[PDB]
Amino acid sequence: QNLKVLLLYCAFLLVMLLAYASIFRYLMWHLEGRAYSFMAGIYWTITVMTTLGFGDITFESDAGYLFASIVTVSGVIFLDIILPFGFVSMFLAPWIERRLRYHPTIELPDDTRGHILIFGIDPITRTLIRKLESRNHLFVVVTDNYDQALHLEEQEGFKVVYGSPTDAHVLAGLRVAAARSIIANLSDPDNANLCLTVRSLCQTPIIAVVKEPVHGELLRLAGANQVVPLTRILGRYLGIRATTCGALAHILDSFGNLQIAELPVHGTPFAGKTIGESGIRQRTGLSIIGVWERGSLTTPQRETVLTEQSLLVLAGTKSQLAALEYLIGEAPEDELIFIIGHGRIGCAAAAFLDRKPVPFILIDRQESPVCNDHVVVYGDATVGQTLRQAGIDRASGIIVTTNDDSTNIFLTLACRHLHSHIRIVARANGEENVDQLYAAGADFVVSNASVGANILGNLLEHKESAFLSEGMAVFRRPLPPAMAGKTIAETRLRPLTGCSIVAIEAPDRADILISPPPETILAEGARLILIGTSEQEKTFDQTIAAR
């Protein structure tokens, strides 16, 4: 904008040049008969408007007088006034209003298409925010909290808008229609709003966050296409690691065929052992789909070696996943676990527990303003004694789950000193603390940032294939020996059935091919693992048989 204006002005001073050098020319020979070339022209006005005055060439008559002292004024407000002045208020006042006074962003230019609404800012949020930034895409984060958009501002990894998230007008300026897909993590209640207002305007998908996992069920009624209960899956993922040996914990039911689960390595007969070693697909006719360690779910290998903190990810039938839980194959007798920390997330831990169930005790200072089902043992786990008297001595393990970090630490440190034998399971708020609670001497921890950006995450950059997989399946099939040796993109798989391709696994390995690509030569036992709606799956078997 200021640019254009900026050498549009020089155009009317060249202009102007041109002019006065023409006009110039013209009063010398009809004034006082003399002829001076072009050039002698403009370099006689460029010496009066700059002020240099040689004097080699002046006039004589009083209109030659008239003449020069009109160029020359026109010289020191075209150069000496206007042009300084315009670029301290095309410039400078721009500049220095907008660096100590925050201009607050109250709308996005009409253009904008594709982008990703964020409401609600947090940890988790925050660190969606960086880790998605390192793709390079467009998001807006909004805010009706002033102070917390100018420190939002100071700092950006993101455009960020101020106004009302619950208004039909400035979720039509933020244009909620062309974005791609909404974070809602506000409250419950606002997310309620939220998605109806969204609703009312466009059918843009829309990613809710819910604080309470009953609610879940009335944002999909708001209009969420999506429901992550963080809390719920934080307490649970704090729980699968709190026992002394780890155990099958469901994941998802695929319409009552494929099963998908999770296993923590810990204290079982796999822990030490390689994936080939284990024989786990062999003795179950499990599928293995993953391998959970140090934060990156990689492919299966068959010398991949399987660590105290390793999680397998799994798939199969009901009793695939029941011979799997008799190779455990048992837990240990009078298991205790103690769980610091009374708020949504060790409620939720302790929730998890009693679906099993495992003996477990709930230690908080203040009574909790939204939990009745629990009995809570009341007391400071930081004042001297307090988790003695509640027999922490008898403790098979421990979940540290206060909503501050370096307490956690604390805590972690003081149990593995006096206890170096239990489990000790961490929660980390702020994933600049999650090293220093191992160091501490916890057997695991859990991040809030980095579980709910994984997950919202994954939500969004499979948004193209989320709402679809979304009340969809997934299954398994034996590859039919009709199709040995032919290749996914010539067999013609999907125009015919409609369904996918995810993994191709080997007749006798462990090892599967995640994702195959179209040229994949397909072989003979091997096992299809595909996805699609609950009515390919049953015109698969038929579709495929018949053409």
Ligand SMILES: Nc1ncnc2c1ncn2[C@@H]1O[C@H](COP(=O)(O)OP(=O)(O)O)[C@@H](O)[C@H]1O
Second form
4 protein chains.
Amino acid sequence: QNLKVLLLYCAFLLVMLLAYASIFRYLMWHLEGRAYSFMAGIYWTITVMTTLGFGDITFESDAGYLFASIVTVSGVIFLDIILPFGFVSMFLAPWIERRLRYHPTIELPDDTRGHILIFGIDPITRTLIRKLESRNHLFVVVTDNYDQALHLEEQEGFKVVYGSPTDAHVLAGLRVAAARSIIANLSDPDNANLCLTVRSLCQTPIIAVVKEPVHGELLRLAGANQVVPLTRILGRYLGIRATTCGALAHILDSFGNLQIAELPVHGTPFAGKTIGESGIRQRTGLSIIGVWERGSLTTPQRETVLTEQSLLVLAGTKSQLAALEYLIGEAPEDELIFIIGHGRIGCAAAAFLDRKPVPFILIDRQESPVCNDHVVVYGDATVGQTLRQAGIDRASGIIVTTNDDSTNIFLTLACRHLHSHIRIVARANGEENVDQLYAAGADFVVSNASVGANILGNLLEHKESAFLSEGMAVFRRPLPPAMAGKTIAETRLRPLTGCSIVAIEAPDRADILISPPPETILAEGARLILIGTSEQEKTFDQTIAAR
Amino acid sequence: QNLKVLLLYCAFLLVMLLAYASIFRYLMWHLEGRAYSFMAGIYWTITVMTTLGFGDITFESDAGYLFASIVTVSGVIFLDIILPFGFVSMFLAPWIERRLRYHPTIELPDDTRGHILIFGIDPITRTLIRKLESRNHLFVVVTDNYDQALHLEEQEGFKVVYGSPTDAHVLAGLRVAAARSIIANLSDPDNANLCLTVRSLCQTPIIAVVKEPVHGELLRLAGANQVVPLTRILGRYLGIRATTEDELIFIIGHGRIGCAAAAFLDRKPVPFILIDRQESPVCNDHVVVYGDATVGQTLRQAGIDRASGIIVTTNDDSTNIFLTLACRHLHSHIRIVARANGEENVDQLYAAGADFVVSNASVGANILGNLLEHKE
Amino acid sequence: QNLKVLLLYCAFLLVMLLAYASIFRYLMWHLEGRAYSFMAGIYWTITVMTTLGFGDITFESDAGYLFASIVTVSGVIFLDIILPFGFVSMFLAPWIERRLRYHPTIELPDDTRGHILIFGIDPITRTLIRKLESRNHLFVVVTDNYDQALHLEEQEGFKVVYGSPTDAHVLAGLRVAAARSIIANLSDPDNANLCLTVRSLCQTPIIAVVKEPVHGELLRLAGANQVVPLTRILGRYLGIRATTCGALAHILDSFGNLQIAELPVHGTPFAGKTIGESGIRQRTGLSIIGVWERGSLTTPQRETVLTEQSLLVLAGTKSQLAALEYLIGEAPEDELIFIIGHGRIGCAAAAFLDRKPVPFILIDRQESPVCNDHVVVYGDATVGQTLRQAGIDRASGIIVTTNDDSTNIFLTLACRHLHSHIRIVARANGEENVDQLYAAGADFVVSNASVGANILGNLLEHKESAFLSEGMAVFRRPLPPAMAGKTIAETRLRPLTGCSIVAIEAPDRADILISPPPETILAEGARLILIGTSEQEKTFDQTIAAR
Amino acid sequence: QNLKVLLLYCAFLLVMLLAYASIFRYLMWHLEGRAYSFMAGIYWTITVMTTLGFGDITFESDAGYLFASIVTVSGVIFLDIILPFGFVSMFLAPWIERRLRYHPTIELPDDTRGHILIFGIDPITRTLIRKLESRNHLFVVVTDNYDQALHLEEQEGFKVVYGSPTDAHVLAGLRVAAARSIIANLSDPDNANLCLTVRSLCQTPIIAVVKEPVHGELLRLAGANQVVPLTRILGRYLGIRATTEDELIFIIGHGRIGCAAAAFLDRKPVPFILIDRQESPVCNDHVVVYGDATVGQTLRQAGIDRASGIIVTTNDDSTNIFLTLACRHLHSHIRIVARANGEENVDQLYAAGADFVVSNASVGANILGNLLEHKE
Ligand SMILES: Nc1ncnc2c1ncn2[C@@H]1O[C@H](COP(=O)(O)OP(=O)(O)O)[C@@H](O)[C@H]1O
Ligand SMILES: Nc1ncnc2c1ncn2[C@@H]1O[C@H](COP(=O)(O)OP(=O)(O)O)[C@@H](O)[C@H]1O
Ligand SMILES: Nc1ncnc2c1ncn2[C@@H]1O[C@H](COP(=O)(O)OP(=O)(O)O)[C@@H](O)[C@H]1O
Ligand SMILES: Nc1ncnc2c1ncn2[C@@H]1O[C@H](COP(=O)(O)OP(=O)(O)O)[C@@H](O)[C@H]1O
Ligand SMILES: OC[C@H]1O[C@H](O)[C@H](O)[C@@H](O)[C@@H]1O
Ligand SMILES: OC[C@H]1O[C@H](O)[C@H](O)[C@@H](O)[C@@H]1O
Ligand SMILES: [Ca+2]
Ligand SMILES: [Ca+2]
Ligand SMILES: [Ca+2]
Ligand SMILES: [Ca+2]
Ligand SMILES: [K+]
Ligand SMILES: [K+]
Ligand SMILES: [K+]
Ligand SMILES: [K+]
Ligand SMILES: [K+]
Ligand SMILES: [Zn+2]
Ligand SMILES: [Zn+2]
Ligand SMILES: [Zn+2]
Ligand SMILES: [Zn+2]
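To test you: the structure above is the form deposited without adenosine-5'-diphosphate (ADP). What is the structure of the form solved in complex with adenosine-5'-diphosphate (ADP)?
What follows is the entire complex, opening with the chain shown before.
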């Protein structure tokens, strides 16, 4: 806006120069009978407006004096007054204001399209923003907290809009209809308010982070396209790690046709072994769709070594998972898990361990305001003897799940020093503490920030097939001998059936190809894993038989 | 003010020009025997004070040199020093004390007349201002809270004054005597203070919004012209909608309004159940079940199944929406009457499953509006 | 500092002008054989430094060119660079800093003498400062609260120093030794800390406002020259006003020789009557040393009318006060005083009423943290029925003493409307509410702010005879017939005895002259009231008999 | 940095001058057949770019006019626009971001070496810095509290960094690897976090101040080189002074230090009485009389009459002074040992009536000082 005003002024200046130069020649002629060239006219007019004033060309008439004077004042006005004033008002004042006084962004420009609206800032969403700023996605966080909007604009890896997240006028200004996605990370009541409100304007996909798993149905009702029970998921993860030996954890039941389950490898026979050596696919009929270790979901190779901290992601039928549990097989007796911290996550961990069930003890300094189902040992786990008196000694595992990382580090530090034998699973509230938790002696660390972001991020990047894969089922099919040699693009499975190929695995290998390219040549006896509607899964073996 | 001093300066300049032009001609004549025209004196003086310096017209005498030096230094003092120092001191300084450091208005212009003072800004009064904008009144809201004065400075269809509502010196700079009307929407003790204070200065009509209907008489006594028991009115509105045996009405929220609702259902009578997360500080005529309506089995363990009606009356609209959603989810047909604290939430309450929605802001503003128009 | 730097620059500029002018003439001569005058030299040098450049006087030599150039650059540097920069750095930058950013005054300049140090800001001291700013006394308030020091510098009717009030380094910077007086209005422990600390530096008189009357001796021990029990005094004042009829309140016992007592006139026979009509001096032998009414301690005239709100200040012997109490004389039965608010002042009021004693009831919403001696009826006096249930009906008086003026107004409003008969005494925390308390129906209002300031102010203005009148006694003497006609300055009572004349009263009048001028002619039979040491009160009748 | 750009500009100017002076001579010659000296070219160019404009040397040709116009516009662009815009943009802007809006230091210069990091500023560490100033170390204190960073910016004999003490990215910009020593004076859990974090970057020696002596072992385990149990030391100091039957010692204040004092008197043994206004959150081996030592009969109703010694150990120095005064007032000769939290109060405690005064700041600093010098 300002460079235009700047150089539009330069246009006016230039036109003024020509005009005065032209009139200068006109007057020198008609008033004094002197002829000057165009260059002389420019030269004189510059000399005067610029106040150099050589004096080698002057008028002698009064009318020439009046004109010289007019041109002279014009220079003083348009080079010594307007120009610096224009500068101090179009450049300096705006900058000094924005740099001395926070001016809240109330509204998003009309043209904004395909942006990600973030409602409710916290470690999870802060980590999300940093993780997808590495992709340079357009993130707008929205807050109704003035002191917060300030703080977020100074280290702005993101634009901030200050406004009530539940006003439709605000949402309109945020251009929610034009938005790509929306993360709803407010309280459950505010989220409910937000979804209903956004839904009154648009059909933009909303991802809600629910604080109490029972409110999930309620938030879908309000209009959330996806609901993520973080504290439950986080508790579940502190849970599967706390047992002395690893154990299956069912993730998705895709109609009873295909199950997805995860298995931590600690304490299991598979620990220390390589994948093909453990022979899981051969003995279970399961598919290993990935090895999550060190924060990276990698694809399974035969020579890939499973460590105590590894976690297998598995897919197969209900009976194939039962075979795996037999191979493990039987849990050790007198398992006793101390869960320090009885907030939402601590509660979630205990609730997961009760699903099995595994004997646990909850400790917290205060009584839960939300839970009435769990008996808790009240005490400060930091003040001496409190853990001892709770029977920390006959414990086989400690989950340390406090809202404070330093306390978690300190507890992990102490427990591992007094009980070098037992399993220690620690909660990291920020990723800046994960390493020290390990250094303190924790066997595994669950990092809320990254886990939360990994989920939300994947729901975001796989959005184009998220609400597609929502209501749809993932299934597995033995590659029919008819296509033993043909390529994916040649078979044309999608325009006939409507399903997609998300995995191919070899008949006698633990090696699987994830999301195969259309030029992939299909081998004989191979096993396909597909995803599609519950009307395309039945119209598969039908349509594939017809053509 | 800035224009006058600036153009008063231009006048002094213009005088100084004519002065120097004339002295120039006078000296040129008497000192050097040269005759120059009036236009030549202007042109020369402009030429020298502007530092152009053509040099085509110069004195040759010492006295002419001395004069020329004086006019040169004048141009510098008055165009290159004072004029720019003028700019900065005169109107770059107002820009700092009004744009870099927030300066709240502590007084209205002496001649302010016909304005409606607002004491106690809230959804109701904010809705009132944004409702009567087509009549174009000058609404002035008054707060003694700096941060609130600051936030109300940008969100505007109204002016903000900052000072103690109960200070007579503050009300005078507010020009109460010349105001059209006062809306007193502070606490009952504060309103009483305000009325008595205003009544010591003037007879400006006051509309007081009262929290406890028993205090209505006291507020009229302090000097309020009208008294509006909004919470009683709002509660009566909810109770009316909850009905028009085995009839049982669940009233979630036992604040002042939910209380008014139950006070209403007492007269019918229709049996009800009050739930609140707190013991009431002002009431002890009603039996309340304590608990957070949001947490869990709280509503079930209060017996919300054999209820025939539900009134949602929390001071928080998102809570209201959430409860409405949850109740409509559990029981597809049970009559739900819901409270909207701000009119921004009215539609989501309906979308949540409510059968009728009482809109506090809209109801308050209408009463207050119809009181501002009909009384004045 | 800056105007000196400003015009010292103008000196350098001027010297530069002369120098260049002189050299200009020197060079025109020796380099070109041209002679110019001094005026021509000034004229040329100004023309060039100022960049006018007429061109009617130029050099032709190269050395003349070099010189013209040097002078030219000098003007650009010293009129176009230095001068505006010097301005933007000595004028603009300091102002913009002080006006955009609060710079705390850490220290008082060395030369500061005779200033009043204020430690502990509140309504009392805020009122004090405004009351003695009308005298233009030098007030420095000291605070260790940053956010407060800011707030006080914007509406500065006073300089603010930001610092720990108990650091001797701070006190040294405050120049406590050079100070006139010091008001110690911190907590009792901080005050104790302050006195001891100040006393380690100087002997500057300290006035301490004690929060708990029992700590008074403790604070004198620490070094306070004067101790003021505000809450006790304030309670006492709500107390003497709450009874249905006025009653003597003893103030000072000057060794048993002379007592000072105050008497509110409400309910007494003296109400409605004029002073000489009530004939108090004649019937009691007392002196009426003043009539406090409407915030003004006036002198008593015979025709002065006593109203229900008046308060007599009285002086005389123990027996003369007993005579007055008989004249009153006997209090009405079934007195019942409701005291709403049981903080320090409320407690003080009850404690005063117990000195008599008068039956009272204390009401408060919380239990006192400091008092264990008073039985209190717990309740919110605002929520309905609470007062009724307390038996507010058989009350003869209500003291309303809450920390909140609006609540006091509202209570006063309600009580007077439900009980138009009973005595209502209200507490005003700020003077901006005193009038409305009266308008609400209060019979008398005690204004903490003004009362506090009136006391502190008088201890300050009478400082030159405060620590003098501290340890000294005030006494009254019948004017001996020997001086029946002589003038004060002629008697020479001070250089003989050492006492002072602070009052003269006529033999058959209620008219008294306060602080008589030395030219006063003494009448026959008159009664003198004097003040002096307990060694000059005995060496009075001795020295006055000898000469 | 500002000097270089500024004087690099002067160089460009000087080049431009010589350039224009030479072109001037060249054009004057080839275009007009006039020969001018080098000095004449400087003088002319200075005359034109500076807008003086003597006019004694002017071209007569169009090409000479065009050139003169170019040099004139150059003077304006480079002396009346860029140079002043240079001033403001180059060093009037740093003045706003460093003097009108506080900018905390979030990182130390890359080459910072030999500095002592302070984590947890308090009277002890503040006394430590102001004590070792004669050795002239570069003390850097680190806070994660903005307002505290701000206040510590003015009160200085030390530098202030602002960031999370337990962030590895923050400790790296703090150049821990090249630091002389670290004083860890946060809470026990925070100290543990800090040690482990520092130990992942470097082997810089750490002196941790520990609150609960049982946690000493844990802190060494986390990586602290020395562990200092100050509160135990301070309490032992008080208990030593309270003594060197019917001996009974009143210990006012049952925080960590007063506890340490009583833990000390247990070993002798000398019977004592603890008074505190609160139940201890960390202790339950000692019996405590609850009450505020200041309020009233509290000390008498605890039996402070038959006490033979009194230890004042409150976290507040004015409270300590006040109690000492009151105790010395009641009993003229009873041994009183008093705690000074900051050394500013040591003398008033003595003036209050104390027999011995333990100065936390002075004792802490000496230990920490003698640990900084002797270990390094
Ligand atoms: N030292 C401690 N000992 C026992 N419990 C603690 C301690 N410190 C914190 N806690 C508890 O840990 C819980 C924190 O969990 P919270 O953040 O509130 O929910 P969530 O479990 O989902 O993270 C709190 O309830 C808190 O009381
Ligand atoms: N989740 C909740 N469950 C039960 N009561 C609630 C809940 N949230 C708010 N409330 C109650 O709503 C009341 C607010 O009262 P108020 O705004 O004065 O009028 P109303 O009668 O409409 O509730 C409070 O007493 C508060 O305790
Ligand atoms: N509505 C009320 N009903 C009863 N007591 C009240 C009410 N409001 C305030 N109070 C009490 O009045 C007392 C205020 O006195 P406070 O300022 O604390 O000491 P002081 O008596 O010296 O002024 C408080 O203890 C407070 O509890
Ligand atoms: N007026 C008081 N009466 C009794 N105890 C007090 C009083 N003021 C402070 N305290 C106590 O002093 C204690 C402070 O403990 P701390 O600073 O950790 O070390 P210390 O052992 O020296 O007291 C607190 O427990 C606090 O309750
Ligand atoms: O510059 C003025 C000019 O005006 C006309 O065009 C004349 O023809 C020309 O001779 C003259 O030079
Ligand atoms: O201005 C220069 C002057 O120098 C000497 O003083 C000469 O005597 C004088 O003739 C000349 O005018
Ligand atoms: Ca860390
Ligand atoms: Ca809404
Ligand atoms: Ca008032
Ligand atoms: Ca001190
Ligand atoms: K010329
Ligand atoms: K010229
Ligand atoms: K010029
Ligand atoms: K010029
Ligand atoms: K010129
Ligand atoms: Zn639970
Ligand atoms: Zn009720
Ligand atoms: Zn009491
Ligand atoms: Zn202990």
